[PDB]
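For reference, the structure is listed below as structure tokens.
Note that this complex is displayed minus one protein chain, with the remaining chains in position.
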Amino acid sequence: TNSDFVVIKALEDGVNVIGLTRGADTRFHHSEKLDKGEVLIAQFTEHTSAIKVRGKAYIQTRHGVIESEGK
Amino acid sequence: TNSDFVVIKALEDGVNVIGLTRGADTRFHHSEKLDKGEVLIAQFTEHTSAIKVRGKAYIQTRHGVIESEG
Amino acid sequence: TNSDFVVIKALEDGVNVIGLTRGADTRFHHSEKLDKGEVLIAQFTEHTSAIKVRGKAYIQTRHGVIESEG
Amino acid sequence: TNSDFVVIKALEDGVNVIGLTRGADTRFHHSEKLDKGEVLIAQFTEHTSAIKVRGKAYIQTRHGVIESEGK
Amino acid sequence: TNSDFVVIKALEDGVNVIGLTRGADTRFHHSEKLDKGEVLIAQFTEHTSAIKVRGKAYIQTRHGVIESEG
Amino acid sequence: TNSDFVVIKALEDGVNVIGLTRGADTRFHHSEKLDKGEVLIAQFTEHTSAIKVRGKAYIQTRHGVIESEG
Amino acid sequence: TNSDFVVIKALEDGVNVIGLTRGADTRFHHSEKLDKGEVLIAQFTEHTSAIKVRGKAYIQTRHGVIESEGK
Amino acid sequence: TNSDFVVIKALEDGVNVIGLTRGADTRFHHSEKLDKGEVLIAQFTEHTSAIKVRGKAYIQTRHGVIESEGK
Amino acid sequence: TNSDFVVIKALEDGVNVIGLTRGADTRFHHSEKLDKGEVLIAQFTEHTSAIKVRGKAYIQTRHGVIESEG
Amino acid sequence: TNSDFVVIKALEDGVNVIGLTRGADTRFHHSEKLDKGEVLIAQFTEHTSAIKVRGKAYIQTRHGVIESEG
Partner (left out) sequence: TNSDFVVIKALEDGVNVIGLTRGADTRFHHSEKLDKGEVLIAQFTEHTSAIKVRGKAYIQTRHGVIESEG
């Protein structure tokens, strides 16, 4: 429960924050839908070892700021 | 007990800090409502591995400041 | 017992620092009342995984200064 | 025996540094009274997970300086 | 679990982020296709000890920024 | 044996550096008397979880410099 | 799964990133070919305790930037 | 055996570095005399949880420089 | 498996990076030959507790840059 | 095998670097003589919990530079 985390702010409606399964197999286990202006703060966990952001978002990680772009 | 935490200051009444379940499943287990000017300082835990904020709020984490908008 | 802590200085009477329970269940277990000018320094612990401040206060955490407003 | 500590310097007589119990219960377990100019350097411990300061004092923690103020 | 991670932002369609198997044997176990403007934040794990990026992408690691070329 | 320590330099004769007992009970277990110009470097330990300085002294900790007054 | 990693960007076709075996024995166990513009981010592991880069590449480690030169 | 240490440089003959016992009891267990210009680098240990310097000395610790003054 | 590492870049042909055995005995167990412009990133390990560089090379460690000379 | 270390450079012949025993008992167990210009890099260990330098020497520790004088 001490893992890194990412901060995602949706810059439009319908931004998808997608968790990919930890392990030998890689698939999406969850998509969190964010509407404009909502903020999600999400850890890497026993179940999530990779995170995909789809749509326009402002993203902060330990390595700095990055922005996803929609459509 | 040592884990990261988030600071959320409500900038309007009814800000909703939403704790999502750690584990194979993902659903909210708790929603803490804040009135304007109230501050919540909240850890990631055995039970919460993601936090969502709805409503207008000033948020600080280890990565800096971010603001949610309602 | 080296987890993080928050410093709260009441800027008016009747400030409440509230501890939220760690675990599957989330409820308030203690509200500490601070009057004007008193300072509480409070850890995250086995029993407290989130802290709510109600009323006007100057707060310090590892992420910097925030102020709760009455 | 590795915890954070607080430094408290009394700026008037009768400063109370109060230890609150670690655990499911929260209660006062000790009040240390300081005369003006005395310095207490106090850790968080197995028994103390929250500290209250009453009266005028100069306080240092890892988060910087704060001052308590008296009635 | 507390591992390092890599941030990849596709600057064109069809970018591939490829995980290479941890262990005595080295082969591809997964490729994640990213379209333009999508962001992947991927850890090293029990199963992935090297990551290859093919196509035009903006990459952030602990060592700074690097860019792959299409 | 890796706990924090405090540096106390007595600025007058008769300075007392007092160790308070770790545990459920809080009481003075030792008072080290310092004369003008002597330096005591003292750890927090299994037996000492709080230190009180009485008398005029220049004090250094991890949080910086502070001075006790006569 | 905590080790350091190396970032390799190929500046020409046919760059080889080569892993040397951990243990009493030292030999190449894998050579990953990178074409121009591809980026490999590769950890030290239970099986790799040394990494050789051959060909023209831009390399980042904790210690800073370095460039391999081909031919 | 990775604890803090203090550096003590005698600025006159007869500087006395005094090690105080770890434990419920507190008394000195060792006194190490230094002549002018001699340097002692001394750790906190299983047996020493506090160190007292008598006499004129230049002292460095993690918290910076401090000087003891003689009598 | 997270020890320190050295970065060696050969500035001429025939540079040798030589691993010395960990343990009570000290002998060379491997010499890696680097030709001009090749880079070797080599850890200290269970088997290697000292590394010797013979020949002209640019070297980076945690303590900074050093150059061996042929 | 991971402790702090001290660097000592002899500025004259006959510099002594003396190890004091770790434990309840304190005594010199080794004295390493350094001639002018020689450098000794010496850890704290299971057997050495204090180090004395006698003679003119340039010394480096984590806390910076200090000089012993003959």
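Chains: A, B, C, D, E, F, G, H, I and J, in written order; residue numbering restarts at 1 for each.
In the analysis below, contacts are C-beta pairs under 8 Å (C-beta built on N, C-alpha and C of every residue); 3 or more make two chains touch, one makes a residue touch a chain.
Asks: Which parts of chain I are in contact with the chain that was left out?
Replies: So the residues of chain I touching the unseen chain are 2-4, 6, 20, 22-24, 26, 44-46, 49-54, 56-57, 59, 61-64, 66-70.
Asks: On chain J, where is the contact patch with the chain that was removed from view?
Replies: Counting over the whole complex, chain J touches the hidden chain at residues 1-2, 5, 7, 9, 19, 29-30, 32, 34, 36-43, 45-48, 58, 60-62.
Please note the rule applied: only the chains that are shown with their structure count from here on.
Asks: Per the centroid of Cα atoms for each chain, what is the distance between chain F and chain I, given in Å?
Replies: 49
Asks: Give, as an integer number of Å, the spacing between the C-alpha centres of chain D and chain C.
Replies: Taking the average C-alpha coordinate of chain C and of chain D, the gap between them is 15 Å.
Asks: I need the residues of chain D touching at least two other chains; which ones are they?
Replies: 2-3, 45-46, 61-62
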